[PDB]
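Colleague: So you can see what is in the structure, the chains are spelled out below.
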Amino acid sequence: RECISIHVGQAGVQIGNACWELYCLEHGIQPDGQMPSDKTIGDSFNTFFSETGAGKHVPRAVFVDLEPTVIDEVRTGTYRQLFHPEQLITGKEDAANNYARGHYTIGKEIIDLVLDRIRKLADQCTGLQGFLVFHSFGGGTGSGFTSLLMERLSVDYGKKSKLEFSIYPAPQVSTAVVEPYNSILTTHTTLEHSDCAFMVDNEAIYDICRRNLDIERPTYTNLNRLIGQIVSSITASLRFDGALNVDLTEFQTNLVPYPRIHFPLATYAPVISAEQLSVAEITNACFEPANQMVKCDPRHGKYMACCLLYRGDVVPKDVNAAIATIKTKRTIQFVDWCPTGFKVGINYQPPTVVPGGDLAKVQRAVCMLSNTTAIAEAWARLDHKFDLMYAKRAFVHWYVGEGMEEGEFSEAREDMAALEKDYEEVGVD
Amino acid sequence: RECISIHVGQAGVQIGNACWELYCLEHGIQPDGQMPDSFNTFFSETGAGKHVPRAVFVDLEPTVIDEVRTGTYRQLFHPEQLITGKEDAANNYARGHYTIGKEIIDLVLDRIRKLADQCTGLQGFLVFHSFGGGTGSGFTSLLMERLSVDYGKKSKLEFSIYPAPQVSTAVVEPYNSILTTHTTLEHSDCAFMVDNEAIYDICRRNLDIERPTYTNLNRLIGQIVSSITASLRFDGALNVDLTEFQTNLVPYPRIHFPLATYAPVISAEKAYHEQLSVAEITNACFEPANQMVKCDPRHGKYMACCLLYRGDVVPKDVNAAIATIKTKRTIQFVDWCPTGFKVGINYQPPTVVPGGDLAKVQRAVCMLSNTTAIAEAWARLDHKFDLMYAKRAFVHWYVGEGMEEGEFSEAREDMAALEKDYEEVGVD
Amino acid sequence: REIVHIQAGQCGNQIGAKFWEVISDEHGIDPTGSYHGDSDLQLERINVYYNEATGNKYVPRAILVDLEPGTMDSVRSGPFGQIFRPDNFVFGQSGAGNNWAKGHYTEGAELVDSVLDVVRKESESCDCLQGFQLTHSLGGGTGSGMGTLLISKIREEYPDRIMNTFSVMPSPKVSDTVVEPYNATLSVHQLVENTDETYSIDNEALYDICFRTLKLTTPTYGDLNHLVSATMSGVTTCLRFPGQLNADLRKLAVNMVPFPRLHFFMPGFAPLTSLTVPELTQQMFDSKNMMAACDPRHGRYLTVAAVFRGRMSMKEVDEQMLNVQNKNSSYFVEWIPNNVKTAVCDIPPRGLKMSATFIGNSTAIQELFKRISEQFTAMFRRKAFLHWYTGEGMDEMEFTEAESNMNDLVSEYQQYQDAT
Amino acid sequence: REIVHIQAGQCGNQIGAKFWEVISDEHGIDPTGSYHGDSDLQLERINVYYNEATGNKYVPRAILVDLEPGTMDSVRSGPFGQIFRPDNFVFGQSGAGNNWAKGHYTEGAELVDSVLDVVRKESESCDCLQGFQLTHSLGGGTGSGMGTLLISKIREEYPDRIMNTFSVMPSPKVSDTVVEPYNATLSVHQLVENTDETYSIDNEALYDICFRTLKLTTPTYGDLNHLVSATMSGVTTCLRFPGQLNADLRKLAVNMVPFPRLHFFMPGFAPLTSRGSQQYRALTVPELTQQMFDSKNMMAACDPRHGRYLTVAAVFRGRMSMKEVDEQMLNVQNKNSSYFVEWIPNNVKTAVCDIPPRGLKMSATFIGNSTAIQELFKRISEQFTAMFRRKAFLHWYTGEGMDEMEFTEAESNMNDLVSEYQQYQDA
Amino acid sequence: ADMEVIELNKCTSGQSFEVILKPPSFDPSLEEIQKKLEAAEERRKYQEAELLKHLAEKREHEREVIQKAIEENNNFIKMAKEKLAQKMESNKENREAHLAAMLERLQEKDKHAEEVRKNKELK
Ligand SMILES: Nc1nc2c(ncn2[C@@H]2O[C@H](COP(=O)(O)OP(=O)(O)OP(=O)(O)O)[C@@H](O)[C@H]2O)c(=O)[nH]1
Ligand SMILES: Nc1nc2c(ncn2[C@@H]2O[C@H](COP(=O)(O)OP(=O)(O)OP(=O)(O)O)[C@@H](O)[C@H]2O)c(=O)[nH]1
Ligand SMILES: Nc1nc2c(ncn2[C@@H]2O[C@H](COP(=O)(O)OP(=O)(O)O)[C@@H](O)[C@H]2O)c(=O)[nH]1
Ligand SMILES: Nc1nc2c(ncn2[C@@H]2O[C@H](COP(=O)(O)OP(=O)(O)O)[C@@H](O)[C@H]2O)c(=O)[nH]1
Ligand SMILES: C/C(Nc1ccccc1)=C1/C(=O)N[C@@H](Cc2ccccc2)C1=O
Ligand SMILES: C/C(Nc1ccccc1)=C1/C(=O)N[C@@H](Cc2ccccc2)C1=O
Ligand SMILES: [Mg+2]
Ligand SMILES: [Mg+2]
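Protein chains in written order, with this note's numbering: chain A, 46 to 474; chain B, 2 to 429; chain C, -18 to 401; chain D, 99 to 525; chain E, 11 to 133.
Treat the hints as calculated values from the structure; they're not laboratory data.
Here are the simulated PhoX-like pairs of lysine-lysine, each with C-alpha atoms no more than 20 Å apart in a straight line:
no.	chain 1	residue 1	chain 2	residue 2
1	C	154	C	269
2	A	153	E	93
3	D	251	E	121
4	A	205	E	88
5	A	362	C	196
6	A	165	A	205
7	E	68	E	78
8	E	32	B	302
9	B	302	B	327
10	D	155	D	219
11	B	103	E	46
Looking at chain A on its own, in the form it has when it is part of the complex:
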């Protein structure tokens, strides 16, 4: 039924602002909150917004960061009118690029408040589904508050599932060396409190724009427009009411065969720059390491569940024979023990792009959600940095500093080692 977004952390927040924005274009809401369509009192898009008061259309979201700065630039540029001054929690002092600070030291204090301001939004909902947690993998509040949130959300909310969108961190447009530590830290405390988790590899997004958009050295608000589009094609199912993927379970009951293995690989279809493609051709893109969403290589790992999420003008009569010659040309690549997939999700709502943005209006777009075993490639490409540093206690002392334990590091690498193991342990028979 209902559906709450949490965005913690500078990265979370700005991905958020850049897709609440794109939600807003899609459903036709003028910034001030009011939409001139016959679809409010308080079905269909009520999944995400709440028809509060007699005029406006507030997002069911809560925004948290530990500096102001970022949350501040929401109560600034129009959209300022869109939320409730309540729903944006800021916290005075930074997390400083450090998990321990985020979880234990600076966290402690703000968590009680957030947790409860969330409970306000769950209370204006008759049968709430779950949460969408947007947050940065590496980096301070994003790894460390997010981790604490989930532990707590997990307690305060029963079944109510939790979907995370993590931002897997990339040397080129980062600033923080200590990154890896933070990701392998959170990811450990975090994973037994999560249900399905879309990783988004900054590098791969930086990649798409440098190749497919002709952008020289792309901005954050460059990257975010792109992610904004992808997320909104994932969440698309539950917003217009979809012919498939129409609830959080039978959306993901689809994707995750095993409790641990959350991490699906996304692939967005026609990224093409303003200043059109065939139903066949865009499908035949989803399987192209370039157009990928996490830098890896799925042609060599096995697929173990595959979704195709179509959006736009499409008759299934096309989709089919297109797939047909995905199998008689390219690399099939299936696991020992699960059918040969392809849940196929048609949504007739044509894809809208941000007005003076980078991309153009497309007729049809595709979205492929694959749970391949090759996405653990980035599980090590991380690990290895973490390994090669901790090996020297490298930056450790900043953690033990704020209050942490030499061994809680040990213990988290332990988890990845073991995970990296399950992902390997799913190949053949």
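We have chain A already, so just place chains B, C, D and E with the ligands on it with the hints.
Modeller: Showing chains B, C, D and E with the ligands alone in chain A's frame:
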């Protein structure tokens, strides 16, 4: 003296209704019961106007008994004499005997005792019922065990409807027949089987009927039965009383089953051809085609033979006709009983149902033979039974309602042994 | 004598909807009111499928169960919408999950008792309730899980009366959920011990009937329901029409089932979509026209019923009927003797002058079970998507406990290719 | 979020002065009043370095400590004189001595509590105080001694917030006092346990940049302060300017420091000179990068050769294409790939702010954790124990109330810090 | 064959007679069974009241699943309610005396500085 009809089960009831109808035409009763000793043998002179049949009608659904309290004749019976019972027997004996039976039997049994009580010296009962099929096999069986107890000497004549693939619906049929026929046979005296297939046959050849109805078949059986019972309704020498029925036909306790053959079945539309000769109709009785149970008595031995004549006939004719039934056709007698032919004349011309299928005939004949070839149908049944039980086939529905894996065993056993007596009567 | 209908699940319900409006046409009923039609038969056996209420009016004997609003307000908003009595609708609110357990255990038993509550007050009103029939999917929870629950709870209360379902066995091609094999095997088990007849309906068939046999590219859940809707009318007819049978539903079962397990009639139909007798008969006896995905060749017919529809000469019918049993004599069992009876009712359906329906207890149905159990153990393998039930409160071995019950049912059907 | 500034000592103060007036220009502040400039950015992050008072006005968050009047009335009488709030001036009256003890023990602690009194004010006024920074000499008491004290007392009060100093390592060549080695070692010890980052600035360098790389004959304390003033603007910028970082000062340290000792960024600069010498615009990016990565342009007197970079930041200034920047940046890491450590992965990040400094179209600042810093420490300790030998000038501290072994106690703390840097040429 | 008949009766509306042709040439019901009809009911009542004690079976196993789940669920909440605030009050005690451990070294380059002025003012 007196004489009570029981008709259990859809088949029973409709044969019944189609021969109480034909009794009625014969004795000239307008439906309402009023007609403007002798025939008191079947009806009772109740009240001052009407002429109620001495019958009881039982079925386990309403449906069929319901038809009676509907189409004129509605006036003919007593609301009491038609027992209905809410839920079906569902094509299954166990249900008929043990489960659904139990409940109604005490009532019927006693409603019969009402009719026997308005009778000074009752003779016996005529039980009309379907061989295969549910209440017909199952209730009939339970009735007889009980009628056997509640009534001393008082004999019991059954008219069974031996079941035929073409106009049936039920697969489980064989089991039910071989079931009842077992419990049933030591409580019965003489029993006229009626092979549905043979009757379906007569109509397809002799009446020109394409695919004949039930009420097609019943008009025909109605005529045959009414030629058998004839003896005791007008009172004409030979079969004046039910005891004679066995005395003439059944030499052995078990062997009840006589074979009937009705004479001139001919269709109105032919109603004005120069009608058949005393000779020719006799010479029909001995024709596997005009038979009443599908078999072949030319190759089994006869062991008692009756000819029941009805109509305009002087005996001088009958005789020399028979004479050349011998010197032409197949004699075929058993080692040790005269050479038969107890011959029954009844001067009452045979009446047919008005807008019926057959025509008014001058003379008709009826031949009741106790041949050992009629056990051909005792096996043609058996074999199906055998070839099913062999796999427990449908059994579980029975063990279900309450029955015993072995009560089946034990009933085939009886047939096996009967089939044996019937063979054991040839030559020496 | 009188039958109630339970119609549970998105697949179960949108079937139930189409069923009802097609039979409601044959009898001729206004989207609300009563009779409008020059025929006069209809109403004889309308007693059976419609409990009638005040004014003119006729209202079905139907209960609609779902575990979410969505598909219920589809019916009420669609074709024969406001025909069903307002509070015969049992709402769901919650999740369904496309998961058996939620529907049989948690969110199901959560409702259930409210369903029993409508059924109890239709059936208790019903003057001689003969039995219930149910419609529903087999891969996916609200139908397969709740309904298999429903039926277990429907017996026990009503041992007594005979149960009956059109269930839709799911295929790998043309489905939504990775898991369905799990969902199916769990209810298959349930059915095989609690129903008295179960019309098997493959969507592998239903869809195949459309693209090999109909030149329809993009097969909806529409024109595909259309078949089931038709085939269902077919099977019912003679409890709801003539008077040339009389069809106790019990009788009907007794004469259709040899062995108490194995009541798995694969059906089939005559003509198709939106007819001579011969060319009708060697058409309801072609596999390329069966409702399960089998092939009534590898596998011999236990018992077989057909019902014919059209003011035509049945003097032709038994003559063609015979002919099939001899042109194809091998493929009926010998040990049940007159094991293929047919009958005919003469009031045709929507469109179509002449039509036929084939009910069929063929051991070739083993061919369907085996197909599911094949992709089932292929998944129960390294115990895959199972963790969605692990957590729901189901047992590790409880899957294996019903995987086995099925591999019996396989090699009993195999064990009935026997001997004279 | 907000930073205060303590500026103590003749060398610390006259650095402080030049700092202030150079950053005060970038933002554009009247020798007293407020803003005058067509730019509009400036003021975003003026919050940080300037606590603002009534009227228009903007006044620095500054404290000036000295142990004698002399050099305080130099500022107030000089360039941006009356800019600092009148009683943020902490006078001295007494001796300074050019002696560590007087400053850290006797005449220092004599004052100290009055300094803590201004600092406690500003910082207690300051709405989210992030940390302090300090400027001062290392050979010579009032700066090196008082400040090392200040910091020790600054902490304890402020554990909590992050500390930070530009300190001026003294050379044997171009200095006043025979003893400075003594003074240095004593503070070095102090620093290495109490600061969080500490920009090393050799006057061996500073003077060497002037005659090696300028042809500048008579090097003042003037043109030479000039460098430090510039380099200090360099380093500060991105807590005080764009919005393309965001530079927590903490974050800033966490990402810059591996091992909690060793916070010894030797720095460096892009361009140079002041008077009768130019640049023909030619500051190019390539020729800017292989310039802030040349030793002959480091702020400590090391040579970031013998010794490998732990972590390295740079910040670039000028409306230029950074699409060039990362490409040159890369290039240096490969043209000189050897001399970075492998075991911290992405250990050289750089960013760019586009509002240039006084003069100069294009310029670069190098912040720089090189273990070649070991090169500097070792240089002092070499003339220290060469003096603590037959315990020479020591008697100036003997008598002040300092212990015989207390010199050796901090001579050692230094020789650890030598061979820890040596112990980080690892694997 | 030409035979002679034996006249066996004459009445109002008929006449009977044998016609022998070629001479012959010589060669316990029990009532007690009504207790049989309630042995049949012996086994029915056994069956139906067994697919009840096998059905009221598959019942309070449902009781399990339905709750032996919920019982195994909050068995996680009150596993992760202290895997928290006692992993986390381990943190509070942890740091807070790495503050002390920071500070108490201060009182010691402090109560050292004190004593060597009380030593200066004695030199
Ligand atoms: N894709 C993407 N990544 C971002 C964005 N902004 C920051 N990041 C990344 O965020 C990661 C670190 O998390 P941050 O949100 O920046 O840090 P935080 O501690 O959670 O938030 P603050 O410390 O208060 O600013 C790094 O990998 C950055 O590259 C953004 O807008 N888009
Ligand atoms: N001759 C004749 N045979 C019939 C008639 N009706 C049914 N039968 C046969 O009887 C057998 C089934 O017997 P039923 O009388 O229908 O069974 P029942 O239990 O007595 O009747 P129900 O109450 O309907 O179950 C089949 O062989 C039918 O062909 C009929 O009207 N006339
Ligand atoms: N033909 C028919 N089958 C359907 C329909 N909808 C779903 N199915 C099939 O039934 C299975 C699951 O049924 P579903 O309705 O999703 O489950 P439920 O709502 O929980 O009962 C899937 O394999 C589908 O292929 C439909 O309405 N008609
Ligand atoms: N560049 C910079 N260094 C200086 C300056 N003045 C002195 N120095 C060097 O730094 C040392 C310490 O400064 P000094 O004023 O003597 O220390 P004080 O006792 O705090 O006043 C001196 O001995 C010089 O070697 C200054 O003008 N700027
Ligand atoms: C056996 C049979 N019909 C039949 C009976 C005798 C001869 C020919 C066909 C049927 C039938 O017509 N319908 C099903 C009963 C049924 C089952 C479910 C829903 C409606 C009706 C049956 O078993
Ligand atoms: C980490 C860092 N800069 C930096 C930050 C992100 C990306 C690149 C360089 C700096 C810097 O520019 N200056 C010092 C901070 C500083 C130094 C002295 C006085 C005040 C503030 C530092 O840590
Ligand atoms: Mg942070
Ligand atoms: Mg569904």
